[PDB]
Each structure stands twice: as C-alpha cells, then as structure tokens.
Amino acid sequence: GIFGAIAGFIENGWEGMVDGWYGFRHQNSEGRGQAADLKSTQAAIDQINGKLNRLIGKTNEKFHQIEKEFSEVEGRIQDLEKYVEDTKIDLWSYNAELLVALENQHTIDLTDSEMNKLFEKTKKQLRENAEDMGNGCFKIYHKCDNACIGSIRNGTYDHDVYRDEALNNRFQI
Amino acid sequence: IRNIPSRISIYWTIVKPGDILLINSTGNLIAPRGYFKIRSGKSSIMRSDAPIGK
Ligand SMILES: *[C@@H]1O[C@H](CO)[C@@H](O)[C@H](O)[C@H]1NC(C)=O
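Residue numbers (PDB author numbering), protein chains in the order written: chain D, 1 to 173; chain C, 223 to 276.
Since the hints were derived computationally from the structure, they do not count as laboratory data.
There could be a bad hint or two in this list.
Computed cross-link-like contacts, DSBU-like style, restricted to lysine-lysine with a CA-CA straight-line distance of at most 35 Å [said to hold, decoys possible]:
#1 C:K264 - D:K88
#2 C:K259 - D:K68
#3 C:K238 - C:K259
#4 D:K58 - C:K276
Whole structure, please, built from the sequences with the hints as guidance.
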C-alpha cells in the first residue's frame, strides 16, 4: 500500500500471470504479449520465506509446569496459579495479534515496493525513449519488435540505438 | 470408604547423602519397606482420557 503501485497507479493485478508475481505486458507492431520477471518475483518470495523461517517449525519445549485445571476450590494458592496462567496466556496472545498485523502490513508494503522497483528500473532503462502513461505502462516512441521488447526485459536494451528515432517521435508537432 | 471407617495419612521424607533417617514410634506407624530413588529431568504428568496411539 505504502509505495502506491499495488492497489495504486497499477489499476489491478493480472490473474492470467501464473508463472510469476511481477512481469511485463507489451503491445507492438507484431502483437501483444506477456512475460514474468523472475528476479523481482524471487526477491519478494525470498523475503516472505524469511518470515516463515522465523515462524515455522521453531516451537519451544516445555515439560513439567504447574497444574492448570482443578477439581476443588482452594483459594489463595489456586487463585495465583490461575492468574499466573491467564496473565501468561494474555501476553502471548497479544504478541501474536500484534505480530501478524505488523507482519502483514510489512508484507503488502514490501511487495508493493518490489513492483515499484521493477517499474523504476524499467523507467530508467528506457531513458528518453519512452514516456510514463501514468498507470504503470510506458508509451515507447519507436518501432519495437519482440526482440526489442525482450531486450528491455532482459536488461540489455541499448537506448542509444533508438534515441534519435524516439526523440523525433516524442517531440513532433 | 469401601466399608472402612478408619484412615491412613501418607507422608514423605527426603534424606540427603551423609544424612540419616530416624523413626521414633510408639504405635500407629505404617512403615516404609525402603526408599524410592529420586531423579531430575524432563519428566511430567498430565490428566487425559485420550487413547495411546502407535
Ligand atoms: C539476454 O540477452 C542476451 C544477449 O542476446 C542473451 O545472451 C541471453 O540469452 C538473454 N537472456 C534471456 C534469459 O533471455
């Protein structure tokens, strides 16, 4: 939520993207297509598995304790045993509620973050050859075939190759 | 209780090494036949009616 990409300038997610969490959709003179971006998806996954690693399969061993159920009324000593346990139970219960709320807040935001980074990286690659249409898409001001699109995704796009072409198109009257 | 009006009260005593158990009695003693070993560790007790599984 906090970076404003996911549930923000990105209108919605793509349910048809099933081979990654982030990716690219393009349209050009040869058609329109889709490809997942592996590195950003993995970055998000890696952070979430880290949380799970702290939380899953990490329980504490306890053995002989105090009794916690009672068949007879006893008063002072029994009140304390019960109170000790209730107090304990309430505090563990607090940490967990807080933990989940906090973890969940950080996860949506970190995932929002990863989407934004990929956008920003993409934005920089295109230099002056594209403009941000404001909804996460770039209008690219030059002929850009599948190989061209592939180069952007693959991080090997050479802005110098297309710059003259793009500038003429951007700055037309 | 089970047709018995009398009772026995149970007590316990721990004796350290170098120490000595002394019993002085003039009646009504229900005598120990010996001692239990006492250990320390991870053992406990739980009240439950759940079946034991393999
Ligand atoms: C990225 O482009 C380079 C240059 O052609 C190529 O060697 C490589 O296979 C490409 N990477 C992917 C995963 O498409």
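Task: Given pair status - D:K68, C:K259, alpha carbons within 35 Å - done: Roughly 27 Å between the alpha carbons, so the hint for C:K259 and D:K68 holds.
TODO: For the pair we were handed, C:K238 and C:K259, check the Cα-Cα distance against 35 Å.
DONE: holds (11 Å)
Open item on the list: Holds or violated: D:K58 and C:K276, Cα atoms, limit 35 Å.
Closed with: With a Cα-Cα distance of about 25 Å, the restraint between D:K58 and C:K276 holds, given a limit of 35 Å.
Open item on the list: Next pair to validate is C:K264 with D:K88; report whether the Cα-Cα distance is within 35 Å.
Closed with: holds (21 Å)
Hint violations for this structure: none, all hints satisfied.
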